[PDB]
Amino acid sequence: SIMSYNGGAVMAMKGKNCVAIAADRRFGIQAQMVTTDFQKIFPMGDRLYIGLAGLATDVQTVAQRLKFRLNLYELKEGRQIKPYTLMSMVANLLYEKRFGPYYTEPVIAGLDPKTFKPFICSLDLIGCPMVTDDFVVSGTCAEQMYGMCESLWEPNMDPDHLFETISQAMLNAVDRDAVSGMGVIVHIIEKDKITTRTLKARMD
Amino acid sequence: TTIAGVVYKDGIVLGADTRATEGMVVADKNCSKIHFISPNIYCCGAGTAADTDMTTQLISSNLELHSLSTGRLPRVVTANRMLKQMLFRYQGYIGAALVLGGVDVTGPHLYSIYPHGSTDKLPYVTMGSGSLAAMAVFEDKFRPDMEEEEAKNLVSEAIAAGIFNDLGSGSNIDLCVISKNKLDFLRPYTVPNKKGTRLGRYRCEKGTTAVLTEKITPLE
Amino acid sequence: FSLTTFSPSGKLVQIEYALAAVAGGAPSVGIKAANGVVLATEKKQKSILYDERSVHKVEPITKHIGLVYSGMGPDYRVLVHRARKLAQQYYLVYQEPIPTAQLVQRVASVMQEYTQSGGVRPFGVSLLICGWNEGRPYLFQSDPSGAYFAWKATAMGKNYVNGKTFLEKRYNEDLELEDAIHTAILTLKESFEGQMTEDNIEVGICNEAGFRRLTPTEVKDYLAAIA
Amino acid sequence: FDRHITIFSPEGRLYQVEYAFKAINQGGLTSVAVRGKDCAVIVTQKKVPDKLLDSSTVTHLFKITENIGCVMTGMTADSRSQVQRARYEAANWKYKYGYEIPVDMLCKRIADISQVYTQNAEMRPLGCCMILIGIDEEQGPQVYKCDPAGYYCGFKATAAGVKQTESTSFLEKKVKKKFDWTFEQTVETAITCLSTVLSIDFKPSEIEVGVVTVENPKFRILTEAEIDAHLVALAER
Amino acid sequence: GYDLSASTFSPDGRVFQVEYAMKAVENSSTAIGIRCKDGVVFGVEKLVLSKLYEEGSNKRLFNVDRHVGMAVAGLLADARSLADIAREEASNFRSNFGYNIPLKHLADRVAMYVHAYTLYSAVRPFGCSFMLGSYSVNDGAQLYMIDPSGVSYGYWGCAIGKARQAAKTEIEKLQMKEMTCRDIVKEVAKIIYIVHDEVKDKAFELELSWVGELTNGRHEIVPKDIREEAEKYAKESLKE
Amino acid sequence: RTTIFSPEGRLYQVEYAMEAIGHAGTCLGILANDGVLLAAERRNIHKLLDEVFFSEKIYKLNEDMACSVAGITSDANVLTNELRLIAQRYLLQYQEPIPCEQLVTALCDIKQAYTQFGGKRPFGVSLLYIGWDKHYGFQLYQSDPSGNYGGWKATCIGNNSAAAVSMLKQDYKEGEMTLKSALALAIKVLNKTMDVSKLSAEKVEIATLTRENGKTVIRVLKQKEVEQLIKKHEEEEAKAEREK
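Chains as they are written, first to last, in the UniProt record's numbering: chain A, 2 to 205; chain B, 44 to 263; chain C, 8 to 234; chain D, 9 to 245; chain E, 7 to 246; chain F, 8 to 251.
Do not take every clue at face value.
To be verified - As a list, the in silico PhoX-like pairs of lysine-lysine whose alpha-carbon atoms are at most 20 Å apart:
#, chain 1, residue 1, chain 2, residue 2
1, E, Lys174, D, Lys55
2, D, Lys164, C, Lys50
3, A, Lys68, A, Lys98
4, C, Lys53, D, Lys185
5, D, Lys116, C, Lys50
6, D, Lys102, B, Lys164
7, E, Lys174, E, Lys29
8, A, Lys192, B, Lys258
9, D, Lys104, B, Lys127
10, E, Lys179, E, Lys43
Hints listed in this document are in silico derivations from the structure and should not be mistaken for laboratory results.
Make a model of the complete structure from these sequences and hints.
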């Protein structure tokens with residue numbers, strides 16, 4: 002397949018007045034690992050992040066071309082961006098290539114910078130958004146992560162438990178996908194602090 | 044996917060499911076397949092979701108631009124002629140199959156539009172993957188000049204038939220009722236499927252996950 | 008004569024003469040209360056034959072943005088269309104209704120497109136753009152030059168100086184949308200060369216519910232010095 | 009100077025656009041339009057100087073659609089162009105949107121076309137006025153006029169041509185009394201206006217009358233055998 | 007000044023270039039055309055400036071289609087061009103709709119091409135008026151004239167050029183609506199010989215063309231045996 | 008017109024565009040070792056003007072730069088979008104911030120092309136730029152309508168620039184210029200040049216550029232933060248009048 006040429010895995014999960022996002026740290030060609038500190042989560046503001054799994058060329062291209070538009074936006078505008086609007090910006094950016102598509106399936110997670118209610122979204126490679134209220138996944142291990150988040154997720158979760166949930170899903174999912182792993186990184190973002198952790202994961 | 048429509052004695056009733064798949068796997072559960080076109084015109088969409096979203100959005104903007112110059116209420120023929128003229132220009136590469144319905148000065152109209160630019164105006168239309176199950180109900184139970192609740196029951200039966208006999212449909216039934224003096228968008232209308240209550244608990248306590256690195260970054 | 012030419016003093020003369028066409032159009036009032044914005048103007052006809060329910064000096068751009076002008080109506084109908092398109096472009100990209108300041112910027116860009124080429128004259132209109140975004144009212148004033156100004160209250164057209172001093176002496180905050188309409192009509196009554204009827208003026212307001220052009224009944228209500 | 013090319017003057021005026029209103033009076037003819045409760049009428053005079061012309065070709069009334077009719081006043085060649093553009097726009101409206109164009113919208117489309125000629129120095133404006141008529145779904149009969157500058161408005165009655173002020177005085181004097189408007193009263197009013205301002209004692213050959221009604225919304229140009237019926241009734245009272 | 011461009015108005019709404027382009031038609035030789043009961047007949051006062059020119063040079067009667075003819079007065083290059091446009095109009099009409107173009111429609115399509123030159127600064131107006139003439143079993147006989155401004159009207163008889171007044175004053179005497187083409191030929195030649203002035207300009211040639219029943223909707227140059235039989239009548243009617 | 012020389016090798020439209028800036032508001036900049044600042048005067052002074060914006064004449068171009076303008080304002084709104092596009096194109100191409108001189112060259116190459124190519128008018132705008140880069144540190148530039156940029160330590164553009172320049176020549180203390188010193192000098196230069204006396208805080212606009220923990224900062228002083236700067240000026244020149 003196409004997106005399995007580089008691999009990847011991204012997850013997002015909400016709490017009560019908080020949200021999380023996680024990704025694996027591997028870069029490799031078809032079956033060979035090249036690098037173990039590859040970036041797949043990109044900040045798009047304070048209390049707002051985006052994650053990208055797919056073809057690495059398209060990951061970097063989409064991130065750079067989106068930061069372009071975001072910087073011009075918040076310069077013309079006098080305000081930081083809402084997540085609902087970043088979702089539509091990405092949808093437009095991807096649907097402009099409806100027949101030349103970027104091979105990415107982004108995942109967004111953030112807090113509105115006035116009322117700080119959490120937000121999580123998912124998009125396809127041509128920009129159909131998907132605003133769930135429990136969790137979203139994208140990558141090569143999507144079924145394996147659906148199976149974990151369906152069983153472990155609970156409605157109201159403080160950050161100490163949300164971290165455990167989004168970590169125990171990612172670890173046990175990427176431990177059954179051959180082209181995803183070699184580390185897992187997690188971001189927890191609240192009104193007052195953004196916490197960031199790398200986890201003890203298998204490197205096989 | 045499963046979408047349907049009818050024309051009853053006073054207006055229009057539309058219906059749709061909420062499931063969205065990417066393969067043989069369920070991605071969304073509470074999708075919204077009934078789209079705003081005008082305060083008197085709504086549309087249901089099957090096929091490639093992004094195509095339907097962008098097409099409906101564009102025709103919505105163009106009608107909000109037409110009605111604002113005219114100062115009048117839009118018509119359904121105008122939306123139909125926009126949609127079909129675009130989809131014919133793209134020769135089917137836009138996978139937008141639609142069920143469009145509204146109420147204007149001439150009365151209630153209902154259309155089905157196919158991605159190559161063919162159109163059918165009929166008193167009842169179905170579309171999606173559960174089309175055949177829906178029409179199996181419409182052919183057996185449809186009558187002209189029906190009431191509002193009879194029509195709503197019929198459409199709910201059709202969407203439920205599409206749900207419980209097709210694999211790509213499920214998880215809810217939405218409706219929209221349109222008349223000359225009212226509009227009622229019903230999201231959700233019935234919830235025929237509910238996940239099972241879980242017996243065991245797997246809440247992970249602080250410490251079960253091992254960490255190598257930590258960072259904090261205060262904000263205000 | 009030419010527009011791509013400076014004077015030795017450093018002035019653009021055709022722009023100054025396009026503003027003279029704004030300074031000779033029908034008056035237009037603008038007031039920004041705490042919970043709304045008012046737009047009022049003189050819509051007077053040269054005979055009893057003109058049907059006044061066919062053309063409008065107060066027009067909506069969106070649910071929450073509206074316009075008036077002073078000067079040339081043919082020029083106004085172009086900028087109305089352009090603003091209505093730009094709002095829809097913004098919505099199509101971001102799926103959020105356009106803020107009132109970005110529309111003013113993008114419309115002054117259109118007015119500036121017509122100031123730099125030869126073979127084109129500038130617009131003979133100034134605009135007043137009311138809005139309600141982020142729980143706050145807004146009022147701007149776009150000019151043919153490509154320049155905009157945010158106002159708390161102002162007046163354009165014939166007698167736009169005394170009509171503005173009247174506001175300087177008869178306007179404050181801690182108002183609401185109903186005390187401001189009375190002040191706007193009083194500011195139009197200065198220049199009204201005749202009896203003010205419900206059909207000789209045209210009023211539009213914006214608030215939390217959005218923009219609306221009032222009806223002749225509502226105009227006749229407050230034309231009695233009522234509210 | 010400030011009168012040759014479409015630039016602004018120190019007093020904020022466009023003189024080449026004012027001079028296109030003066031070309032309307034070069035044809036030497038006057039048009040009148042009147043609105044009723046169930047009808048809308050247009051009237052103009054038909055002046056052939058030669059007996060060698062075919063009177064069938066000498067007309068200023070035109071069919072834009074089956075339901076919309078026009079009378080054009082001014083330079084004769086400009087009017088045919090504006091009429092063909094009106095027809096093209098009316099046809100493309102229905103091709104695009106699926107219903108017949110109103111008069112309210114066709115008028116402003118022509119006006120939008122005319123304003124570009126004032127804002128761009130490519131082409132000259134057209135020395136022609138235009139009065140349209142048509143029956144609307146909810147609004148009823150409509151009478152609309154547009155200018156070389158891109159101004160447009162609806163009317164109860166109006167005129168275009170040389171005797172336009174002394175016609176709009178007659179019309180505003182008759183409109184205030186607000187009698188029970190009818191087909192016959194409307195046509196009589198129009199013919200009496202054109203007779204008073206010209207003082208000519210019309211024949212059926214010297215005028216052409218187009219009408220549109222709520223009963224029959226189709227525009228139809230009248231015959232000499234049907235104008236005589238209305239002309240005879242005038243001499244009575 | 008106010009009289010140097012066709013994009014310019016005067017303070018009384020006049021465009022003087024279009025009038026100056028008609029002044030050029032007034033200074034050209036005279037052509038007439040008369041609509042009969044069963045056809046149309048064109049006649050032209052063709053001036054021979056030099057004896058070195060062949061008999062047949064500067065033809066001012068043109069075939070625009072196999073059922074339409076054209077007579078011109080003014081600048082001749084402009085007329086040849088407008089003939090070339092009137093030909094491609096009728097060509098594309100048959101190519102798109104599949105039948106012969108009517109003359110009321112061809113006249114409009116050429117009138118608009120002519121009117122387009124009255125609006126711009128980069129072009130002048132055309133310096134030629136011209137008549138078109140056709141015959142069909144359904145549409146009947148038809149005669150339209152088109153001016154530089156872009157005006158187009160139908161006619162029973164018409165003239166263009168120097169002796170316009172003198173020629174229509176003779177054409178109104180004719181009861182053309184009663185007659186046939188072979189009888190109107192005599193009248194056409196008689197008028198051209200009446201209005202021609204031998205002292206104002208040198209000798210001339212008579213040029214005639216037809217369309218009607220007797221040609222079966224085919225625009226033709228008149229044969230010689232009839233043109234001479236009419237030129238003779240013209241001479242014998244000059245005893246007046 | 009601008010595509011025509013004079014016999015004495017002159018270009019008079021380029022001079023008229025430069026004369027079209029004295030009609031505009033005064034804007035000065037002051038470089039320092041702790042940072043760099045701008046100071047514009049608000050001629051938009053009226054009892055009914057709202058002041059909704061963050062700032063009316065200070066425009067932010069990047070995370071490490073801002074600018075102030077004087078002249079035609081439509082032209083300024085054009086150039087401020089072009090600047091923001093150049094910066095983001097550089098970022099997209101290299102993923103590093105653009106230095107504070109390449110941007111000025113890139114805008115001056117646009118301004119030069121309007122004095123040279125047929126039917127278009129030179130931009131009647133001068134600009135000042137303040138910013139930071141990892142090559143030369145804090146910088147201050149000054150553009151002219153002809154496409155001529157120059158680096159400065161303190162300059163002034165607009166109305167009464169030739170007087171503020173003479174003051175800065177006689178009160179700038181190169182090598183010992185902090186940011187408080189620069190603001191104290193700004194409140195002085197901007198009071199001995201404004202026609203309207205007493206220098207109301209409503210009639211000015213100030214922005215400072217500084218660095219904190221390896222991040223760049225561009226702030227805008229509020230009303231109450233400028234009232235103190237004003238009050239510490241009449242006290243200073245009242246003491247220079249005590250010694251009579």
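Verification of the supplied hints:
1. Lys174/E - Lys55/D: holds, 18 Å
2. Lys164/D - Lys50/C: Judged against 20 Å, a Cα distance of about 17 Å means the pair holds.
3. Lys68/A - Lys98/A: The given pair, whose Cα atoms are some 18 Å apart, holds under the 20 Å limit.
4. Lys53/C - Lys185/D: holds, 18 Å
5. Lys116/D - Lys50/C: holds, 19 Å
6. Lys102/D - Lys164/B: holds, 19 Å
7. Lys174/E - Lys29/E: holds, 19 Å
8. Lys192/A - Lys258/B: Roughly 16 Å separates the two Cα atoms, so the pair holds.
9. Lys104/D - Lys127/B: Holds, at about 11 Å.
10. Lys179/E - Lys43/E: Holds, at roughly 16 Å.
The structure is consistent with each of the numbered hints, conforming to all of them.
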